[PDB]
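Novice: Kindly produce the complete structure, drawing on both the sequences and the hints.
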Amino acid sequence: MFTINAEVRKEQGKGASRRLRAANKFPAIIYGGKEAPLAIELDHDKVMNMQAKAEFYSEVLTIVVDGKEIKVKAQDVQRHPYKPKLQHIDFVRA
Amino acid sequence: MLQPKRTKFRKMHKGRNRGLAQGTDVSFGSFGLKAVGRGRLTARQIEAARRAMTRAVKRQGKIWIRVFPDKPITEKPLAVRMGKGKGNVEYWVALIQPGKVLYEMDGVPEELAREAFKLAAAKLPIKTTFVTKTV
Amino acid sequence: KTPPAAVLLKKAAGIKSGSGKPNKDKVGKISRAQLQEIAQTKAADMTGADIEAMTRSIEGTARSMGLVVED
Amino acid sequence: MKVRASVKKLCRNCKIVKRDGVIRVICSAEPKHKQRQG
Amino acid sequence: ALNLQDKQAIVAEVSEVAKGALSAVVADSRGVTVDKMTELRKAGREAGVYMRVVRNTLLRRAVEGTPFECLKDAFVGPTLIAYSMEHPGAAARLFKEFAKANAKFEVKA
RNA sequence: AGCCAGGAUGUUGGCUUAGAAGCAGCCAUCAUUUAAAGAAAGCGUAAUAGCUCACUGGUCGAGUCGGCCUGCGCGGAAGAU
Ligand SMILES: [Mg+2]
Ligand SMILES: [Mg+2]
Ligand SMILES: [Zn+2]
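Chains as they are written, first to last, in the UniProt record's numbering: chain A, 1 to 94; chain B, 1 to 135; chain C, 72 to 142; chain D, 1 to 38; chain E, 2 to 110.
Simulated from the structure, these hints should not be mistaken for laboratory data. Heads up, some of the hints might be wrong.
Per label pair, the in silico range of CB-to-CB distance [stated by the list, open to error]:
| id | chain 1 | residue 1 | chain 2 | residue 2 | range |
| --- | --- | --- | --- | --- | --- |
| 1 | E | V55 | C | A83 | 54 to 64 Å |
| 2 | C | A83 | D | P31 | 53 to 63 Å |
| 3 | E | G66 | C | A115 | 40 to 50 Å |
| 4 | C | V139 | B | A122 | 44 to 54 Å |
| 5 | C | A115 | E | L23 | 46 to 56 Å |
| 6 | E | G78 | A | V64 | 55 to 65 Å |
| 7 | C | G131 | A | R93 | 50 to 60 Å |
| 8 | C | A83 | E | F76 | 44 to 54 Å |
| 9 | E | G78 | C | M117 | 30 to 40 Å |
| 10 | A | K71 | E | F76 | 48 to 58 Å |
| 11 | B | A122 | E | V35 | 42 to 52 Å |
| 12 | B | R44 | E | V35 | 51 to 61 Å |
| 13 | C | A115 | E | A13 | 36 to 46 Å |
Every residue gets a Cβ at the ideal spot worked out from N, C-alpha and C, and that includes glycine.
Specialist: Written out as structure tokens, the structure reads:
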């Protein structure tokens, strides 16, 4: 159902991460399984409007990156404390 | 009126309130009242907000207070010179970091919880906001 | 010209005061043998051509007294 | 009127109008609702 | 409120009655009391008359089943219909009563 | 959104009802007719009554309603040569 267009984090660290949050993106990472994990920068308002749906925490989520289409499922999320927005997502491979 | 029944010591240093909060996810009920500002709450404020909420839902529903003071404020009396020892205790406070969920409620409609929390938000020294049950 | 439904539960139901406790405690129970005859005799000023129309209408008024429907 | 720092629509027929940079509240039904310095 | 399926549903409820119609009344009802309505509802099934008051712009969806587009374009003003399903007449006569009995509208159809 | 029109019956819903008819109030808040009529949102009532709204039809015809993230503003804001 869900399909997420995404870029690749070329720089990692909190300075680039807070630049990336202030640029109205936010980072996340896919891990689990046999492959080395993959770090993602992606758009904020898109997924912020996705995640209110209850199906977001249940169904299987496809993500387009490099053209490659990856099937994952959501595990945990670093929400910001008081504003209604997000910081970081841990995705788990299938 | 909310007060530790026994403490390890009489007094405590002043301390600081640097950083953010822990108790952030809504974990008991359906609706939550969360701190946005940064400061400290008295037991009188907490009890008055509790009375406002219980007034608005009149009796019915279950209400959680996720906070408890466990910090005194020493106050030297009127017309006492400086020094001569740290003052006596007159009121207890709770440390507030931003994003701390303060109150929690289950068993009512959403609009009623919303208006009850905006009644109790005026009882408080800080800006507070409204949150739902999440994952 | 037609008698009210609130007073008919003092001569054909069993209670002599009013409710007291509408949905806190049941006092008695009402079957359908008491009200079909009264609904049949009261076909002078009603709303509804079918008898089914005012059947549940007359029954549903008495429910706020701590009475049990028996059907 | 009554001049309170925070003004509210009080009924169905209360109304918010800015006049001379000052907020005023007018009711068509009840004269008590009339307010200023919002 | 009013679902699009609800607006479909009123059409699907009325259209088979229109298919099972003999003649009908398209009137004006500019002001009729509840006590002026309930006896007319009684006389409805009491003579076998099936009357409805619809969204007046929402009829031609069900009326468009020719041969029932006959007096189609009579939607101006508030209207209402009364189909008769047995012995045509005895439904239009029921409003030919009130056309001189309630001192109001000339019926449009 | 205006404007034309409706907006009931059982029903004063039970009651400590002095007196309560949605009409301060304690309880649930359910049934007819239809397009709708909350057994009720709120002013009035000695208690009624009378005048609105939540709802529905028509007239008119292109946008309309208030939630969020935000930059900048407004009131709040009165002292003494
Ligand atoms: Mg640094
Ligand atoms: Mg000035
Ligand atoms: Zn007003």
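Novice: Each hint should be assessed against the structure and marked as holding or not.
Specialist: Verification of the supplied hints:
In this structure the hint that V55 of chain E and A83 of chain C lie 54 to 64 Å apart at CB is violated, the actual value being about 43 Å. The beta-carbon spacing between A83 of chain C and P31 of chain D, approximately 54 Å, falls within the hinted interval of 53 to 63 Å. The hinted range of 40 to 50 Å is satisfied by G66 of chain E and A115 of chain C, whose Cβ atoms lie roughly 42 Å apart. At roughly 47 Å, the beta carbons of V139 of chain C and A122 of chain B sit within the given window of 44 to 54 Å.
Our hint of 46 to 56 Å for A115 of chain C and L23 of chain E is violated, since their Cβ atoms are close to 32 Å apart. For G78 of chain E and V64 of chain A, the hinted distance range of 55 to 65 Å is satisfied, since their beta carbons lie about 58 Å from each other. Remark: the range hint 50 to 60 Å for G131 of chain C to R93 of chain A is upheld by a beta-carbon distance near 59 Å. Hint check: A83 of chain C to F76 of chain E, Cβ distance near 52 Å, so the stated range 44 to 54 Å holds.
For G78 of chain E paired with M117 of chain C, a C-beta distance near 32 Å keeps the hint of 30 to 40 Å intact. As the Cβ distance of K71 of chain A to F76 of chain E is approximately 55 Å, the hint placing it in 48 to 58 Å holds. Checking the proposed 42 to 52 Å range against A122 of chain B and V35 of chain E shows it holds: the Cβ atoms sit about 47 Å from each other. Checking the proposed 51 to 61 Å range against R44 of chain B and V35 of chain E shows it holds: the Cβ atoms sit about 57 Å from each other.
Remark: the range hint 36 to 46 Å for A115 of chain C to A13 of chain E is upheld by a beta-carbon distance near 37 Å.
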